[PDB]
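**Q** Could you slot chains D and B with the ligands onto chain C? The hints should help.
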Amino acid sequence: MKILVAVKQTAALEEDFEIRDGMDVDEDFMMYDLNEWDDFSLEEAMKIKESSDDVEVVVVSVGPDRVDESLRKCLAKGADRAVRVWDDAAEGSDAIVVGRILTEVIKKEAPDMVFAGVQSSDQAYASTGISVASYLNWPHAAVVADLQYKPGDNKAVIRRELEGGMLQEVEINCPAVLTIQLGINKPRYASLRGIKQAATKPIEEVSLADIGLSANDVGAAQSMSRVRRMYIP
Amino acid sequence: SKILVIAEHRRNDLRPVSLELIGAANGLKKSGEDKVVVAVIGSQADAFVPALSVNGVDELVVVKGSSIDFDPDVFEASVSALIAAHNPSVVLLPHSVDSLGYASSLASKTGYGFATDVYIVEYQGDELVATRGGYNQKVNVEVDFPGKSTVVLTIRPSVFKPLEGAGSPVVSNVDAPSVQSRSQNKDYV
Amino acid sequence: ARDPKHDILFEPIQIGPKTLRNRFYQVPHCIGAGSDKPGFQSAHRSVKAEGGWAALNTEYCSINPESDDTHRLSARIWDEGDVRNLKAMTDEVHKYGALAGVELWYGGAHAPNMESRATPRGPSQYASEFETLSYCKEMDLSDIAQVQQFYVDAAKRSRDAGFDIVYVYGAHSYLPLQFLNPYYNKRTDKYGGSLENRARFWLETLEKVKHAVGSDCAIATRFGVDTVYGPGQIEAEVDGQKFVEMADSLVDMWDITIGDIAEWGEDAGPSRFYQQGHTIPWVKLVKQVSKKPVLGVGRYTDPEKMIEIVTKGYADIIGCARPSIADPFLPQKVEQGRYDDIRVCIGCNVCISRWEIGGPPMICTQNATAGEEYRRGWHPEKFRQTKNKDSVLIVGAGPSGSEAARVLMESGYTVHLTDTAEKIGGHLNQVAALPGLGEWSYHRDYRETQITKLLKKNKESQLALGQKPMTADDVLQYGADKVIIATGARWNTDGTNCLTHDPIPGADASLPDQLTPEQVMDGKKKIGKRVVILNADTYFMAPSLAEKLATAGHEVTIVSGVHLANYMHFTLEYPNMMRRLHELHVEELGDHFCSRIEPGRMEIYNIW
Ligand SMILES: *c1c(C)c(C)cc2c1nc1c(=O)[nH]c(=O)nc-1n2C[C@H](O)[C@H](O)[C@H](O)COP(=O)(O)O
Ligand SMILES: Nc1ncnc2c1ncn2[C@@H]1O[C@H](COP(=O)(O)O)[C@@H](O)[C@H]1O
Ligand code: SF4
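Chains as they are written, first to last, in the entry's author numbering: chain C, 1 to 20, 22 to 54, 56 to 235; chain D, 1 to 189; chain B, 1 to 608.
Here chain C stands alone, though its shape is the one from the complex:
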């Protein structure tokens, strides 16, 4: 049995960043970290893994050499393996292109549950998980604030956290892509002796060819909008 959790390394600016071209911000003002939501994901999954007696948690990430940083932090926070899918041509894939790239990892990996966060801390698309769900053709729900799933159920029961705080219960056919919302659990923290032992683990590197894609599949050329400008308002 296997739950795959889709994680992202986001950016956070410093004060006072400057725009670059006028198409982005300068790269020196940037600081990379594990998107905040994903910490709630990874946990839900470790929750499940520890609720039973045998569940691979595996985190996957799309992006460059930096990301490693985050996936290791996942290792330490509980994951069993961590995979990074990249190629330079992936530059600027937008949230739907990410879905697709994830999806093809998701197939090779063939999990029984796919977890995404509800939105990124940086671009707040709030698209990437559901996109993976269309492309996969799985049952989805967005905005999950409670999971009851035991391993190898055909069936789970979630609760959406609606606007203003009112919940809604859902019964969802599994395997299903779910976007996890904040407050869902209390994500652990890594001991040093923990962080130390996750240094020694491999990050598996996955190439576009490994997943039946190509340059012509990805990057902003394929994307669903196009950047016109970025400006401090």
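Just so you know, these hints were derived from the structure itself, not from any lab. Please note that the accuracy of each hint is not assured.
[As the list claims (entries may be wrong)] Pair ranges (Cβ atoms, derived):
| # | chain 1 | residue 1 | chain 2 | residue 2 | range |
| --- | --- | --- | --- | --- | --- |
| 1 | C | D22 | D | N136 | 17 to 25 angstroms |
| 2 | D | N12 | C | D155 | 30 to 38 angstroms |
| 3 | C | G94 | B | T420 | 40 to 48 angstroms |
| 4 | B | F10 | C | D29 | 45 to 53 angstroms |
| 5 | C | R68 | B | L465 | 23 to 31 angstroms |
Note that CB positions come from ideal geometry on N, CA and C, so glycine has one too.
**A** Chains D and B with the ligands alone, transformed into the frame defined by chain C:
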């Protein structure tokens, strides 16, 4: 041509942001022959006719599905089903937890233009320009939709000012694709 | 970026023959240094120099052994040994390019003179309402000339010494003010009675001082324009303004305060009864008659509040004391717009506690290098960074362990800070919830703010709140190279005290009618109509709880086996604390300990 609006309700009630979107849509029409269609979805979605029968609405499409309240499978299907068959230039949705649940899938399958939590929009020529936030909302981020004949938008609520008054929409009915949701609402809490 | 509304703050100003680079001014204040700790004196002001305050001053400075403040320590400028030791500081304020003032003091019968044994002179014979055993001699007219020459003398030696600023210190009810104020001044000759009699002494003195170093040093005075005592002492709208009026041509700068010496708590406002700007209503009134530069403290740490009082023409400059001890760098932080890096003085007045006890050095509750800059050579904003990869576990993120991490991480280490609480601050968190102490939060507030900031800069480093209390197994298996346990202390449960050092039989606060100040403070446990606080603690706990419960309308008796609130006498809090417990009809039984507790009943005894 046409702009599509998908209104949103929950426990018998129409949500405000539905009038906002109608306001937005009208706001962004490029000439006064262009029509706004509005769509409400629900096994009792007709209860809503009165309140969506207001100013700017040129059509109100009622779609009855399985569920009383929001369901993604049903919605998804329902909308691409509205888009297929009115061919709009833009679709608006609220950026609402209901929408997170299927806005994106719609875009994944078709390649329409898509952007969410939009809080500026704007024609420039015939180019559609929507503005987003970047970096936890530290910049503004302008995007466009090259060669996209349909664009899908989720719109930040409590931005676009509504229209006042009544209205005279052609009402029609149509059934939602009899497809079994792979989920089931039980109770609120 | 510097918000440009604060630019106003970096505009020079003219003070007589002298020029202040900017608006940030450290008024005279003690530190436990004087002329006696020339290391400590120099360093601690010179960092504020380097920190970019404009002018720095020595604490109140004695012009003559017949104003000796022992057991307190003041500064002195009696002889050429003093001019040595104080120059250390001037050179040192100089090399960073602000100014050095020195505050010329004689305090008459308020100076007990326990070292110099000499006899103190005043306008009229009295005995200090503060050192109540210490009486003055009435000066005749020859006494008026010899003491005035004193300042002259002392003003000369101040220039040799390298001061750019000299004061005729007339606040906190010392000599010149004692003349002015009818409370003290019972003279019927030409130095007394008429407003221009009263101020002759000072008026004279000012002139003499000008004449003396006037062309090389700006003469400022500090003056206590209202006594906040009302009729019978100085009132700003009575004698205050007028005096300003009669002096104004002499002064290069006013330096304003309100209060006397016996309860200068009113100048140095506790955050427990005063906010920022407190003084202003009486500060203001001075500009409305002065044509000269005017500054006037008031726990001004916020640059917003700072710009208000200038752009509303209530001061010209910014006078600080405490806040400059908290953060010697507060200006260059404001200049650098680094708003979040600013260490906010909490108004706890511990800093005035030491000096007020007579002898020890100042210490400070935000600024732990205060007092520590010469002798330990800790700089408040520079740290030795580590030359290893070493890591630290810290258990508990209260004052102690949170500074622990702040400093370490600033030192470059790799740190994991963990606590069972949900937020940074250990017991400060209730403390700040006690009535009045809401501005003592600031001390975790600053920590929370910097650790957060420090974590983005160390990548391994980690904050973890809401954790399971650590066990020694978690700890040994944690993998820190080093461990700091910072786990706290709790109120005693069992009537264990400083008198007996053993438990009071029938004390235990798992019983229903028996509380600790945690249980009172958590607010859960239920509290009976009649309350008795059994107090062995000389500091704030007791009174404060008393306040709380009274205001919640219980009936309150403090049983005290120690002098209540003694510490408080020393932070300047005590007057307004007592008045306050009166006002809320709080009953005090002193000199009274307890020998057994029973349900609804305790046995108490007089200790004499
Ligand atoms: C000693 C102590 C530590 C305190 C903090 C204040 C103080 C001290 N000694 C003083 C003395 O030598 N002469 C003098 O004129 N003032 C002295 N002060 C008081 C200080 O100058 C301020 O008037 C008050 O602290 C109020 O202002 P603020 O600190 O809120 O800004
Ligand atoms: N490039 C990516 N690789 C793996 N997960 C991603 C990626 N981009 C977005 N996500 C996921 O999408 C979740 C929701 O983010 P979003 O739709 O971008 O706001 C993030 O937690 C991740 O779960
Ligand atoms: S001891 Fe307290 S009041 Fe004094 S300077 Fe320090 S923080 Fe401020």
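**Q** Decide, hint by hint, whether the structure agrees.
**A** How the hints compare with the structure:
With their beta carbons about 22 angstroms apart, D22/C and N136/D fall inside the hinted range of 17 to 25 angstroms. Range check, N12/D to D155/C: Cβ separation about 33 angstroms, and the 30 to 38 angstroms hint holds. Checked against the hint of 40 to 48 angstroms, the C-beta distance between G94/C and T420/B comes to roughly 45 angstroms, which is consistent with it. Range check, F10/B to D29/C: Cβ separation about 28 angstroms, and the 45 to 53 angstroms hint is violated.
Remark: the range hint 23 to 31 angstroms for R68/C to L465/B is upheld by a beta-carbon distance near 27 angstroms.
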